[PDB]
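Each chain is listed here by its residues.
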Amino acid sequence: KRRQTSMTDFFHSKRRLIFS
Amino acid sequence: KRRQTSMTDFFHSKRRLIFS
Amino acid sequence: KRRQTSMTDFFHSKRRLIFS
Amino acid sequence: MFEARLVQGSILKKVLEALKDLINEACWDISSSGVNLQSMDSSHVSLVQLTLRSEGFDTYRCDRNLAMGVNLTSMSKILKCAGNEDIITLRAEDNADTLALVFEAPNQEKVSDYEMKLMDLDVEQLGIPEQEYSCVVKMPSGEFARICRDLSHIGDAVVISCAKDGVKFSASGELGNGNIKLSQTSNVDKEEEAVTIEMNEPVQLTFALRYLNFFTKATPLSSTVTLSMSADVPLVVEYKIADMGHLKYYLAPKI
Amino acid sequence: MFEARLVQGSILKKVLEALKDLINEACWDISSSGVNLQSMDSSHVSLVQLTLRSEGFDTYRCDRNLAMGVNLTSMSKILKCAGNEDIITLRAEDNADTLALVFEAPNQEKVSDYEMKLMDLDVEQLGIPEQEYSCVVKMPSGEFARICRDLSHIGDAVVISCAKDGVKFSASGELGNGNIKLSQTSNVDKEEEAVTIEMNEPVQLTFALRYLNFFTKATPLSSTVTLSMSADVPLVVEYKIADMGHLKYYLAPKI
Amino acid sequence: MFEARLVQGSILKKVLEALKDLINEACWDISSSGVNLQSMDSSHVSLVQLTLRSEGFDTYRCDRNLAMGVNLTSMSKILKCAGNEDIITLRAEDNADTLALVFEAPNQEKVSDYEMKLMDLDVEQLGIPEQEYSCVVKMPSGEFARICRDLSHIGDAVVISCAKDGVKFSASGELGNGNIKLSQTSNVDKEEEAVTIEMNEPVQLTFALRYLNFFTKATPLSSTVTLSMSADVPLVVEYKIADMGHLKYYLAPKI
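Chains as they are written, first to last, in the deposited numbering: chain B, 141 to 160; chain B', 141 to 160; chain B'', 141 to 160; chain A, 1 to 255; chain A', 1 to 255; chain A'', 1 to 255. A prime marks a further copy of an entry chain.
With the rest of the complex left out, here is chain B:
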């Protein structure tokens, strides 16, 4: 091993604003 990647290194990040 070398580096712990994250899910954003593979999948495109969509920001969302949820009001409730």
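No lab work stands behind these hints: they were computed from the structure. All the pointers check out, no bait thrown in.
Here are the simulated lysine-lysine pairs, DSSO-like style, with alpha carbons at most 27 Å apart:
| no. | chain 1 | residue 1 | chain 2 | residue 2 |
| --- | --- | --- | --- | --- |
| 1 | A' | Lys110 | A | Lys168 |
| 2 | B'' | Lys154 | A'' | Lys248 |
| 3 | A' | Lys110 | A | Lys181 |
| 4 | A | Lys248 | B' | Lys154 |
| 5 | B' | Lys154 | A | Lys254 |
| 6 | B'' | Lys154 | A'' | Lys254 |
| 7 | A'' | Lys181 | B'' | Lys141 |
| 8 | B' | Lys141 | A | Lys254 |
| 9 | A' | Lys168 | B | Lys141 |
| 10 | A' | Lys117 | A | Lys181 |
| 11 | A' | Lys254 | B | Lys141 |
| 12 | A' | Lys168 | A' | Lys248 |
| 13 | A | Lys110 | A'' | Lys248 |
| 14 | A' | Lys190 | A'' | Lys110 |
| 15 | A' | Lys164 | A' | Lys254 |
| 16 | B | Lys154 | A' | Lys20 |
| 17 | A | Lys168 | A' | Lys13 |
| 18 | A' | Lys168 | A'' | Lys80 |
| 19 | A' | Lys110 | A | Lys248 |
| 20 | A'' | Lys117 | A' | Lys181 |
| 21 | A | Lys248 | A | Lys13 |
| 22 | A'' | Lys240 | A'' | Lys20 |
Ranges between beta-carbon positions, derived for each pair:
| no. | chain 1 | residue 1 | chain 2 | residue 2 | range |
| --- | --- | --- | --- | --- | --- |
| 23 | A | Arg149 | A'' | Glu132 | 53 to 63 Å |
| 24 | A' | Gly173 | A | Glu193 | 52 to 62 Å |
| 25 | A' | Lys80 | B | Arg142 | 36 to 46 Å |
C-beta: ideal position from N, C-alpha, C; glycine also.
Starting from the known structure of chain B, arrange chains B', B'', A, A' and A'' on it as the hints suggest.
For chains B', B'', A, A' and A'' alone, coordinates are given in the frame of chain B:
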């Protein structure tokens, strides 16, 4: 609610000295 | 009771060097 | 000389497992009619009244009345040393500052002797008036304990609202609210699993859930529990001790 | 108006017992096809995708789509107030900032109403590509959980190496190493207790065991678990929710 | 080459669950006659002697004697990765600083390999004289564990007083005292549930209860336990390992 009462607000308190 | 003894007060102690 | 032989000793164990967390110390009044206890907790918000009648014991002897200052912590510690099927004997003198507890195992070949140091106590006792209550709800003990436990997840306070056809327990906190409605049961197929309500007037009271959670540790004493409520007065939570007596938890409301 | 009646309510409880520890807050997307959830944990190392299809519920009604900002902590707290045999109804409006949860006991005589405060959320959602994986291993869930639990005693990382005839989980730490080799089973006497492997190419990946230990809390949802692995991409740990949908845990590797 | 195949592997697990809390590190002496261990705890108040004879294993091979410096913490951690019905194989070389542990599941289709790092040790071993004891009490292990557990609630010390017709365990603290008297049993209807006493002279000794509570973690190894006591010498608490050997706990008294 408004105020947490105690048992001494309702019942008369009798002090007791117990030796043993 | 008076004093908590140890196992070395009764049995002879043999030191050992274990390599692994 | 005071000597009480109790075959079903586990009861007493339960009695100490329902008290030692709410009250650390208490005066045990021993008389010919049996054992009586009355003690407020350190905050004086709740009170407990224990009654163990003499006919509940297998044998009983009490010449003159005795007031035993007892540390319920140490007593629970001692009762932890007794098995469930153990026959337990309580024995005390008059010129002695201790209480003897003899535990007999069903072998018979194991015998335990415990001497508990009694202590001095400066306690407060309350005069409790013999009264009629507006609402009396008889329900499963495990149900009540479960309800208090669950509503303890919502808020600090519980609103008990009793009508004629149902009893409701509500709770509110910064996560929202919760309502639990128990209806009266048609006890045509049961007796102890039923929820019954005797009402003179509908009652609505608010209580602290931590104290109730202290109260519900008397659940192993009975399969049923009774709630007595009147307007702006302490709630009575009663557990019946079969063939013995009772244990009552009084809780001051939040007016 | 949104209303979902679910007879086997325990499922939902399990759903919240498999999420609230990994993600504290999440957006619940409600549509005519059912319930969808997607949320990374605070470290963005793992992601979760929940799917509860509408046919899984006893009844279902959803006029217009709704995005509910939900605190999974408080929601788990509320679902703790529901029994296992309880029938659970979810109900929400459009101009309301809360979610109603109705718990019905199998008496029928006990009824619970809970109103959960919904919150505002600024979350990140990921675009997950529909793909084929090199290695797909179907195995007992308890077996996987047990393996992760055990290898958690050896090191921080686990090396999953899948061939055609077997799947291996290894771990190394300052106390030494450990190898666990599960062979393919001849499912001539079973179906769910079997270990099967569908391989296009042999795969070797390293993962953090703490996240997997977070994942294995979805074990009560299914008797089986599927592991989808390809080279240098996040692992997919899928639990099937019977007659309902699924719960997927994506975990980024240690390249 | 050293190789020991043991079908009833759980035994070894138990062996490590009865040691790792009292001693963190120990030297395992492997010979043709089997496995021997001797180790004082860090306070040198107690000692442990483990014996696992070679005939107890399913198969056994040992060409030349080996002294394995073992960290019992890590070893217990590794044995935690083995099931109860697992067949366990121990394997070690001569020019290798590790110990191999192979765990085989009853499928057969699951296989585990663990390599434990061995360490350097500067330990003290004691010469234990082969002697006859004044009092030898054979009693149920759970009974002894229960007694130690119970008297642990009273005081720090336990007074074991053995006569010819009974064995007594007493304890005193600032809450009072407690006496537990076990009489000899008429073993006309049993064998293992009995309490027997072989006495040359009546013995009275005082011991620390924490160490005994450490000792009673070997309870799953046997249904019986034997106590060997003589005047002003360490007590021997022996647990028999069926078809295998034994585990002995020596405890220095409070003269």
